[PDB]
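Listed here are the chains, written in short residue letters.
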Amino acid sequence: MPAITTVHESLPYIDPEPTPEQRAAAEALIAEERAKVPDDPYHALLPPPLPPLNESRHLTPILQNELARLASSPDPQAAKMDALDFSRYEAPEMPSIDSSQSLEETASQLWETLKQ
Amino acid sequence: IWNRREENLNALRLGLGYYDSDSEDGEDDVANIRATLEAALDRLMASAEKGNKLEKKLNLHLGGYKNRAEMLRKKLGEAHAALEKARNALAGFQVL
Amino acid sequence: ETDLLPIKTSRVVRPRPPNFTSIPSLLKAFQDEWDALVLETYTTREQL
Amino acid sequence: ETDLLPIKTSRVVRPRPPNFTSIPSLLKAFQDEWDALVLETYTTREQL
Amino acid sequence: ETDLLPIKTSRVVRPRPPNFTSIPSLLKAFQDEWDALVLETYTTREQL
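Protein chains in written order, with the UniProt record's numbering: chain A, 1 to 116; chain B, 625 to 720; chain C, 49 to 96; chain D, 49 to 96; chain E, 49 to 96.
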C-alpha cells in the first residue's frame with residue numbers, strides 16, 4: 001500500500017494542464033532542487049532492501065548455486081541447464097565385436113547392449 | 625536357494641532362458657546373448673514404429689485442443705498482468 | 049490448528065499431452081520447468 | 049500383553065538403505081525445493 | 049480404516065550426499081535411479 005503523506009495543491013480535473021514548456025521548466029526546477037538537496041539513502045520513504053542469498057532463509061544452497069550459475073552466464077534468460085543422457089534412451093545398435101576382442105569383454109558388451 | 629542363484633549368477637543372466645547350468649562355454653552364451661539382443665532390437669523397433677504411429681495420430685487429433693489451451697493460457701497471463709496494473713492504478717487514483 | 053479449514057472436494061486432473069507420455073520426455077520437461085523457474089526467480093529479484 | 053502389538057518383517061523385496069538415491073526421497077526433496085522456491089518467489093512478489 | 053494403524057514417530061533424517069547439491073547432478077541421479085528401476089522391473093518380468 002502507499003505510504004506517501006505529502007499534499008500538493010493540485011486539482012488536475014479543475015486546473016489547466018501544464019504546457020510542455022511549463023512541464024520542462026518544472027522538471028528543470030525539480031532537477032535544480034535535487035542538485036541542491038542531496039539524496040538520502042536512509043530515507044523512510046524507500047522500502048527495506050532485499051536480503052541476499054545467504055540472508056534469505058527460503059533460499060537453499062542448491063538454489064543459491066543455481067542462481068550464481070545463472071548470473072555468471074552472459075545471457076541468464078538464454079542460459080540452459082545441461083541435458084540428461086538422451087543416448088541411453090536411444091536405439092541400441094548391434095555391437096561390432098572384433099576377432100581380437102576377449103570372450104569376457106564381448107559377453108559384457110552384449111550384456112550391456114541387452115540391458116539397454 | 626533362489627537368492628543364492630540370483631547372487632552367484634547375474635540377474636540378467638538368470639532372466640535369460642538360454643543361460644543353463646551346464647553351459648559353461650563362453651561362445652554358446654555369447655551366441656545366445658547375441659540372438660536375444662537381435663530379438664529385443666527387432667521387438668523394440670516394432671514397438672517404436674507402433675508408438676510413433678499412435679503418437680502421430682494423437683497429435684493430429686489433439687493439436688487444435690493444445691493450441692486452444694496455449695492461447696487461453698497466454699490470454700490468462702495477459703489478463704493477470706493487466707489486473708495487477710489496474711489494481712496499482714486504482715490504489716494510486718484513490719490516494720491522489 | 050484451529051483457524052485453517054481444509055476443503056473437501058474433487059481433484060482436478062490435468063490433460064496429459066501426447067508429447068509428454070514418456071519418462072525421458074517427462075524428465076526433460078521437468079528440467080526445463082526447473083530452469084524456467086530459476087530464471088523467473090532471478091528476473092523477479094532483478095526487477096525488484 | 050494386549051495393547052502392544054509386535055511388528056513383523058517380510059523379505060519379498062531387497063533391503064534398500066535410506067540413502068539420497070531413493071526415488072521417493074528424491075521426489076520429497078524436489079517437492080521441498082519447489083516449496084522453498086515458491087515461498088521465496090512469493091516473498092519477492094509481495095515485495096515487488 | 050481399522051486394521052491399518054499409523055505409527056507416530058520422529059522423521060528419519062536422510063543424509064544428503066554432497067553430490068546432490070545441484071540441479072543437474074540431482075537430475076542425473078534421479079534419471080539413473082529411474083533407469084535402474086525400469087531395468088529391474090523388466091528383468092523381474094523376464095525372470096517371471
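Since the hints were made in silico from the structure, they are not lab data. Treat the hints with care, as some may be off.
What the hints assert, rightly or not - In silico PhoX-like pairs for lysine-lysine, Cα to Cα no more than 25 angstroms straight-line: (1) B:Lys699 to B:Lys709; (2) B:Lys674 to B:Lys698; (3) C:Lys76 to D:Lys76; (4) B:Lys680 to B:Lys690; (5) E:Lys56 to A:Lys80; (6) C:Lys76 to A:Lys115; (7) C:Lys56 to B:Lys677; (8) C:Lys76 to E:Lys76; (9) A:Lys115 to B:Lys674; (10) C:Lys56 to B:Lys680; (11) C:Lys56 to A:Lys80; (12) A:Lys80 to B:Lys698; (13) B:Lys690 to C:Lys56; (14) E:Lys76 to D:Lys56; (15) C:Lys76 to B:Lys674; (16) E:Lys56 to A:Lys115; (17) B:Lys698 to C:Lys76; (18) D:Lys56 to C:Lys56; (19) D:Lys76 to E:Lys76.
request  = Take a quick look at whether C:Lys76 and D:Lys76 sit within 25 angstroms of each other, Cα to Cα.
outcome  = 19 angstroms, holds
key: Hint consistency between B:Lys698 and C:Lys76 [alpha-carbon to alpha-carbon, up to 25 angstroms]   = 22 angstroms, holds
ask   = Are E:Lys76 and D:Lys56 close enough, with their CA atoms no more than 25 angstroms apart?
value = 36 angstroms, violated
task = Measure nothing beyond the straight line between the CA atoms of B:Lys674 and B:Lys698; if it is 25 angstroms or shorter, mark the hint as holding.
result = Distance of about 34 angstroms is beyond 25 angstroms: violated.
message = With the threshold set at 25 angstroms, check whether the alpha-carbon distance from E:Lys56 to A:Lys115 stays at or below it.
response = This hinted pair is violated, its Cα atoms lying about 42 angstroms apart.
message = Can you confirm whether the C-alpha distance between C:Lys56 and B:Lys677 stays at or below 25 angstroms?
response = 41 angstroms, violated
query = Hey, A:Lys80 versus B:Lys698, does the alpha-carbon distance stay inside 25 angstroms?
reply = 23 angstroms, holds
ask   = If you draw a straight line from the CA of C:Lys56 to the CA of B:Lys680, is it 25 angstroms or shorter?
value = 39 angstroms, violated
task = Starting from C:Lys56, check that the Cα of A:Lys80 is at most 25 angstroms away, please.
result = At roughly 40 angstroms apart (the allowed maximum being 25 angstroms), A:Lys80 and C:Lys56 break the hint.
ask   = Regarding the pair C:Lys76 and E:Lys76, is the alpha-carbon distance no greater than 25 angstroms?
value = Holds: C:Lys76 and E:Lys76 sit about 11 angstroms apart, inside 25 angstroms.
inquiry  = Between the alpha carbons of D:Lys56 and C:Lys56, is the straight-line distance 25 angstroms or under?
reply    = 35 angstroms, violated
ask   = Does the structure keep A:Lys115 and B:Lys674 at a Cα separation of 25 angstroms or less?
value = At roughly 22 angstroms apart (the allowed maximum being 25 angstroms), B:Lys674 and A:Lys115 satisfy the hint.
Figure legend: structure checked against the earlier numbered hints; hints not met, in rising order: 2, 5, 7, 10, 11, 13, 14, 16 and 18.
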